[PDB]
Amino acid sequence: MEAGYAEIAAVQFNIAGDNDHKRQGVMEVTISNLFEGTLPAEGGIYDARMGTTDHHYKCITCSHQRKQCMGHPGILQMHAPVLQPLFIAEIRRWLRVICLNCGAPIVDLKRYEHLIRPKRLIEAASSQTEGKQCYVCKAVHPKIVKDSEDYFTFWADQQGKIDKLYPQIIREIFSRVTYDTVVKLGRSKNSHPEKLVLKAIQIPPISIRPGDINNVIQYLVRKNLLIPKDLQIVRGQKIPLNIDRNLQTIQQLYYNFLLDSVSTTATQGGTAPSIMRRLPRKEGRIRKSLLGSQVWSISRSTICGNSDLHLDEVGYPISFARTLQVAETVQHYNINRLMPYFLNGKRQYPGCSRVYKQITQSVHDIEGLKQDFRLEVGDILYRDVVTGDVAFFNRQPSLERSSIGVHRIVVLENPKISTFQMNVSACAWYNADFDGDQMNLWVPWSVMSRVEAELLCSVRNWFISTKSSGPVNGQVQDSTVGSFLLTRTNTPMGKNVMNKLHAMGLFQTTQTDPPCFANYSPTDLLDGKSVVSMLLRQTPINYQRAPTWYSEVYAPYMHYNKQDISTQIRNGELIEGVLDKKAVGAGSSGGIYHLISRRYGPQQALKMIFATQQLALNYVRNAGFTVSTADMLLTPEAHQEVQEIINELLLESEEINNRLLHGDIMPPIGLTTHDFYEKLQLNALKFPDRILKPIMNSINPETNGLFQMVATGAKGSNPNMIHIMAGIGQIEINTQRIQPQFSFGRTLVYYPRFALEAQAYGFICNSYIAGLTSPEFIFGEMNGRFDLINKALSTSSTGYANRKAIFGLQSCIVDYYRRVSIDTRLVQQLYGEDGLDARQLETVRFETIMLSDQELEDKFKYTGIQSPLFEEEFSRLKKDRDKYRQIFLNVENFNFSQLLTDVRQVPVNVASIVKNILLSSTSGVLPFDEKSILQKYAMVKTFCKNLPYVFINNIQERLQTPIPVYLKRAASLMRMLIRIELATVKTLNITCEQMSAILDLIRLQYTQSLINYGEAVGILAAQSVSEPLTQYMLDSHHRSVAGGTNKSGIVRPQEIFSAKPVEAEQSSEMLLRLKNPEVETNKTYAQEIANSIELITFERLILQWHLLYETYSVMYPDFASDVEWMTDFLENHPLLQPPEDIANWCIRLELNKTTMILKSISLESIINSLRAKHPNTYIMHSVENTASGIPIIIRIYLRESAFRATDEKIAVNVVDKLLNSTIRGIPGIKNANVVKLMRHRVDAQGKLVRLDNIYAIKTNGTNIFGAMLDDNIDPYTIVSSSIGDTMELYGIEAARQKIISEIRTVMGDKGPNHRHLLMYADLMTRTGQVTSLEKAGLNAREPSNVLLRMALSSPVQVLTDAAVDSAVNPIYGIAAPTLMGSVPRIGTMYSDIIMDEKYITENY
Amino acid sequence: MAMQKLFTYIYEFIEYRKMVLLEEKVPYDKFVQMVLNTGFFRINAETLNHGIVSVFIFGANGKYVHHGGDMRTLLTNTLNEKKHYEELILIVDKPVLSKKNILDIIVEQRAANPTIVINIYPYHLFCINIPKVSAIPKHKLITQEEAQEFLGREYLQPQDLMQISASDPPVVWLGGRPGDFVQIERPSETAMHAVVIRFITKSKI
Amino acid sequence: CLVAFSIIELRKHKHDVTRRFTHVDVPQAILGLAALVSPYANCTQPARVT
Amino acid sequence: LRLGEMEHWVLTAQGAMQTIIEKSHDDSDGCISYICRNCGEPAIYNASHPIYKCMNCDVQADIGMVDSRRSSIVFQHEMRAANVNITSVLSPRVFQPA
Amino acid sequence: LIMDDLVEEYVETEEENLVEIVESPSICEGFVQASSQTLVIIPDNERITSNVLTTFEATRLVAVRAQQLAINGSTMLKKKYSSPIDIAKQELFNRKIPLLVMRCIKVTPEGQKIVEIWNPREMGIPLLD
Amino acid sequence: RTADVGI
Amino acid sequence: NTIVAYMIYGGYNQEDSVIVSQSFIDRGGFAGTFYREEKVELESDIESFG
Amino acid sequence: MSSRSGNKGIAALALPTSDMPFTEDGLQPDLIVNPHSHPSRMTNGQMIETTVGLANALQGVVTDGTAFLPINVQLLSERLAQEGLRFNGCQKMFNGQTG
Ligand SMILES: [Mg+2]
Ligand SMILES: [Zn+2]
Ligand SMILES: [Zn+2]
Ligand SMILES: [Zn+2]
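Residue numbers (the authors' numbering), protein chains in the order written: chain A, 1 to 211, 225 to 284, 296 to 1137, 1143 to 1233, 1241 to 1440; chain B, 1 to 205; chain C, 749 to 798; chain D, 1145 to 1242; chain E, 9 to 27, 38 to 147; chain F, 511 to 517; chain G, 848 to 897; chain H, 996 to 1094.
Source of the hints: derived by calculation from the structure; they are not laboratory data. Treat the hints loosely; a few may be bogus.
[To be verified] The list that follows gives simulated cross-link-like pairs (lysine-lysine, DSBU-like), each with its CA atoms no further than 30 Å apart:
no.	chain 1	residue 1	chain 2	residue 2
1	A	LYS907	B	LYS140
2	A	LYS1266	B	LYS18
3	B	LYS202	A	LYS1099
4	B	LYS140	A	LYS189
5	B	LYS132	A	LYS189
6	B	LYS140	A	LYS903
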């Protein structure tokens, strides 16, 4: 007895033979009766020994009730054998490789004794082996035919002799196979073919067939009762007519019981949901019951705003608080507190509903406990939810790490409130809005869950984004506008001041301790900056940034106050500037709340957000804010100005049209006239910058609510205002105008065919306030429908990609070395290459990067002591700068537009620590002290040397044990930052004890920033990269959809994640640098090279071609006039006479003169690119003098050297080969433009200068080899968007860097942290090959993780292959433990807890 | 321009492998004449371990890459001489790596001489200085003792490490063999460079 | 058919021999009953009309 | 009310557990599974009615108590119904050197 | 005759591409039990894991201690708190928690569970209060 | 009503 | 035809929220009757209403 | 709740009569709609409808506002002035809670 605690460590999959069924069966099904009255009939399929599903009886086998009984399998002894439905393909493979007479293998086992085990049998069965002679019994192997009428019948074809392979005969055949043959064919000894035939099937436990799937079982039992029990079928017995039909229907019944309505690739044959149909798809067993679950003790409601709630609070209706209960166990310390809940009971709130008495080991109703007076120790009380309880708040779809957060409950006692109320600043965590969104709320009742909710999942932990490493929450909408209105210097009423009474009223709802106004007279005037400083003095921070209010596009108009365009906060005091989206807005990196979180913790940041939001809202409570129709109304003069601007745009469009009409539009090389015309029209119809002048002439910026919302960043943008007031402009769909889809050349019924006006192609000349006409409204509806379609399918595409990425990355978990490993196989030597949490990073500028050799000496070379130590320190600084420059200039070289930056994300802002210590210092300008300065230098040097020990522990630091090289590299950036910010020049007014404190603070901050052991960093990366994907979809109508540049939708991300080959890429690009640094400046040379490497083939320049059976030294009549220019060619080319091997076959091609002119293709170029290309040929051209009307004709005469298959067919193949020859360019490059490149180079003074005058070729299509062959391109700086090309030519490391770069390009400016891209790239390249995020990548990376691959997709094939291969599935990661009903061993469960026996004995 | 780049870069491939050149160096024109006439060019190099490395530069239209019997005869004859022959390198065109028959003779010859290393490589592997490519980080082979101490500190097996193919261009230029360890200094945008150790596995072909 | 989207458009091109409409449309005919509920729908973003 | 795939992904990204445990087992179909640890097959254990048995190896039954869910038990029963034998290896017992 | 509740036949198409000899002894077939492990505790001076508790480890320690105080309640704390969560948090903060943290570094094939045992009463606590 | 299915 | 003030009032109408007059609700603004049906059938002759 | 311009709204707060803001002439709203719902959505039809209905109520008329009908926002705003209101529909309002 006493079943001890255990955990499943591995799962073994095997084929279950009839012996296993007999061993595991608790009962034998023998009758067809279902129920004997109110009880199951004994021996039937419902027999209670199989388990109980009804309350009306117990099990018998385990003597448990329905809830505690897991069910037990039975046995049905089949009178005739049946084939295993899941392994029909295995039966077919085994039948074709072993002799059906003696069981010996007909194939040569030595032939396949070099393949891997999972492939030996497949290749053995691939060979024909029909008619092969056995070397043991000299029998002839028949043709194993799979019947096309069903999925299980096999036919033996002996040179036309047809006999049915019955399961009994198959078992006789399979029982003669030795285990030696099984092993030599790559199969496990548990995969002997004798298990593929079942004489005793297993009827599943009733637990999986509750009281249809039992109809099939009943029918199977009934049909099995018909077959005689002594039936003995041998090869060639001629079962007459009815045993045959009965056997076929029994086998079909079993096959439909197991595999009905599921196909699988391993299905051989043709023509009540089954067992295997329950598993797959969203509603299947795995995804619906194992990966997710329905739960109890949970609530859902609509969410609405409540500005009186803190960011970490949620408004809970009281009716829900008396439904969900918290389980508090009564002990000595809580009996007094819990007694009021017990006394209130179910009649008053806060009360309780149930009590679990320990003495009775059962739950007691509160209305039956009226005689208990008090509660006993060990009792469990289920009390109502009260204010201050923690709750899990969740909004679906749950895509971010903050999609589930823990809030403190605020119980709303108003009975008429049924919504989940929350602060509007908390919506950023969930991507929620108050327009109908519903959120799930469940209160943790168990002690462990409550501890975790208040310690691990509180929303204060999600204030900093795991994705972007920046703040998530901030002021939104009314709060941003209110902050601007409160902090602005002047109102339309004069100076922005309030009296003491209204200044006090601003702090009424801040929920903080109010500031002191006793030093203010009732008539004293306080500006908004003063009250903002009063609030922000509690968390003093330093801020200096231009506000969103100041925009350069607005500067020519308006009159910006000089005190409003430079926001400065010094030690919590707002000196100047306004507060808006840049400073207080949500998601504003570097904003005031981000700084507050960095210096005082995210809880302080949330409290400050609430306080400042209350301040702004209380200010607007008096200032007022509104938008009216007149806010969007231009003055008549401004309307005339807008009309004039649009008239100028349409006049430029009409000038382009006039150029087209006169045939003056000449497209460049690479574009057709239609494409060039469309590009010119798109450029001509863009609104100028001066469209804002009429708008701002009609707008009073100090009074305009719409302009104030747009300019302060609260809501809207400049295009919104322009569309509302001036005009929408050109409607662009996928970068192009409206296509003529109504008819041939017609965009709408309202416009004529081949209309040239811009209005016919989507140019909207009217503003929204002016109103749109019917065609303008139709074009706008097309654009809006595009937006709606993209929004709708963004959810689905993001779901697909997110699920694939999660299942590809979920097993990646940080271990105790802070490496990332799948089980035990490494993915990263250190997480994010720095071992840091994404929530603990700060962007910091490195001051030495851009300095020249002289400013570096003038700013960092300390000359106050004549010591070599400071020379060494400056040398160390210079070497750090040089290493940084080299690394991040190399990074520039293998990227398209990744510029070297002065700022880095670091765990510790050293300069801020030094500034804080100096500000708190009770000293200043210390006297010169050589000993102190040298001591501080020594301390800093030792701290830098011992910095990588924060990655190990204090013990190894004390022992000074060797540091691994990768850990030394992990601290390189922090060593650089410390040596810069703690340089001797910068630490002259810092004492030695102050230096010790600074170093201790740096060490503490570095330790606090490390990634936790057991973090599911793969899932974090999957979320952080899948979240920007829906925004990437939302701009799908702003991306090109044409061939060669197809970037619409998820085409590029699916290309990246699926590791699609080069030929499968639709937006391949390459970047080529000229192999001459001094001539990259010439745009003409760059254009020359770009047009030179553009791929031109013979087919591009052919109007038509005709192959002829005529030799030369007769002639198709339609071209008898060709002999004139033919003889002219003979006369003009004396050394090009026809050779004496001229054959009958010859092509005659007409050259397209228009294409030749447009592509600058000369006839001599063709003649030399075909003559010195083709060995067995004789080519002739007409006199190129041809004007319009007479054509250039190229007759290519073949030779029998080519003919050295049907002659005509090989001649046509030769024609195809000749046509595809490369006349000009490099293969695979459809287009090649010239782009201006921004690059950094170190000049002779050691300075890093940003150069804008670099020209490079941005090709369409990739060929790294071809681009590296030409000598006009720098071969060492070829950048191609193709991951496969980079992998094939450069290697797996360059492929990893390319994956990083391409994912970064897809994410865009608002992308995740670099460590998530590193996670994606390192998972995909861990095996030395670029594996995908699809099923194939999982198969390559985790073949043994059968459960994970079943959970991803295709459970039936994965299960079948696992059973056949006898796969052992170790339980690791998340999917495998979850499918086994266990919990993943990560997070809180990554490290186990044991009892400190010594301490417990010595401290009872 | 494949043959020119091959000619200029194969010798720096040999030098980067720290191999002393044998015989002499021929001009470009004589090189392509030999490639067209004999069907291939052979370059002999000597390693520091007194072994011999032979590089065979076959032609795209050469007969040795179109008929399997010719390649079999060449490999059997070259392997029948009296030299240590540490490694045989056969540089062929990219579609030659797809013609299964030639790969079959390569495998048969590799099985025939287990102590002899035979590898077939495409043209693009030696058409550029691979270690000088900007996109390729610095790869370096670490001795088995350093790898063993690194694995012992990390409580790791060689099979737990990230894998790299022996046909990886940096690994080929380094001369790494399967079962060896390569230390890679990769540039990092989070830590400003990083160090990773990868396990060299079986080369593709 | 070449349709003038409104009688205003037809009146504008009354003497335009280069724009010879076969029919004139009433502008509200391009919207359904539910879309016509929205007032000044042409002054609103069309997605909001949806 | 369902806590789906994405909710579990979010909870495990926070590294929570003990809430995945609470919701997915205590507030869901979470049950107790018994495995013989000698053959890996589901064993029969009952404390009230004295039952400590294994339909596989009989005198070798060493039943371990494994936390599970009824959904996973049903899933394994379904796999075994398709003639796929599921064997749970179970974590080995670890002993401190005395 | 018209049936509406169709089952939507399900298809899998991407096939997987995973990459003397006697009947069976009592060793190769069987022995699913897995050999017992011995606990190889790394010496305190050879430990390489952090001397600071992770938030996961500290949270798990507090949760375990509070759950144990739910059924027990004999506490070494000085000040009286009315909830097991607060008691466990103060026990961790006052370095009086009776639990230990075992970090399983590696399980060897030979049957050794190499672990590092860490005392939370000599460790850095990252939790808030 | 699992017994509603008869014999 | 509700009277609507487009303004900021305590931050309670942010992100698609609206502040409603309680008096407007009480007077019958948007008030109405919600109807639910409960159809139950006798399974066979062994069941009856009572 | 929603307007005829597609602006959905969840009732987040119900205020008594005394707590509602009111104009100098005693007009108070049934609903208070955030102005920030306007810019990004560009539901100018709702603003124009409010402006027209302000004059309609004082004139006792029910104007047609069907799409594509000839519309002039400037003329309607001038029409507001002829009813005694401002050029915009903006009025002096008092905070109901504080006066
Ligand atoms: Mg919404
Ligand atoms: Zn049972
Ligand atoms: Zn035989
Ligand atoms: Zn057993």
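Just to be careful, I want the Cα atoms of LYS132 of chain B and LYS189 of chain A compared with a cutoff of 30 Å; is the pair within it? violated (52 Å)
Distance restraint between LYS1266 of chain A and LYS18 of chain B, which requires alpha-carbon spacing of 30 Å or less: violated (41 Å)
Starting from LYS202 of chain B, check that the Cα of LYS1099 of chain A is at most 30 Å away, please. The hint is violated at about 36 Å.
Against the 30 Å threshold, does the CA-CA distance of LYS140 of chain B and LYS189 of chain A hold or violate the hint? Status violated; Cα separation ~44 Å.
Against the 30 Å threshold, does the CA-CA distance of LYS907 of chain A and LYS140 of chain B hold or violate the hint? Given that 30 Å is the threshold and the Cα spacing comes to 19 Å, the pair holds.
Given the hint that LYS140 of chain B pairs with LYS903 of chain A, does the C-alpha gap stay at or below 30 Å? holds (22 Å)
Hints 2, 3, 4, 5, counting from the list given before, are not met by this structure.
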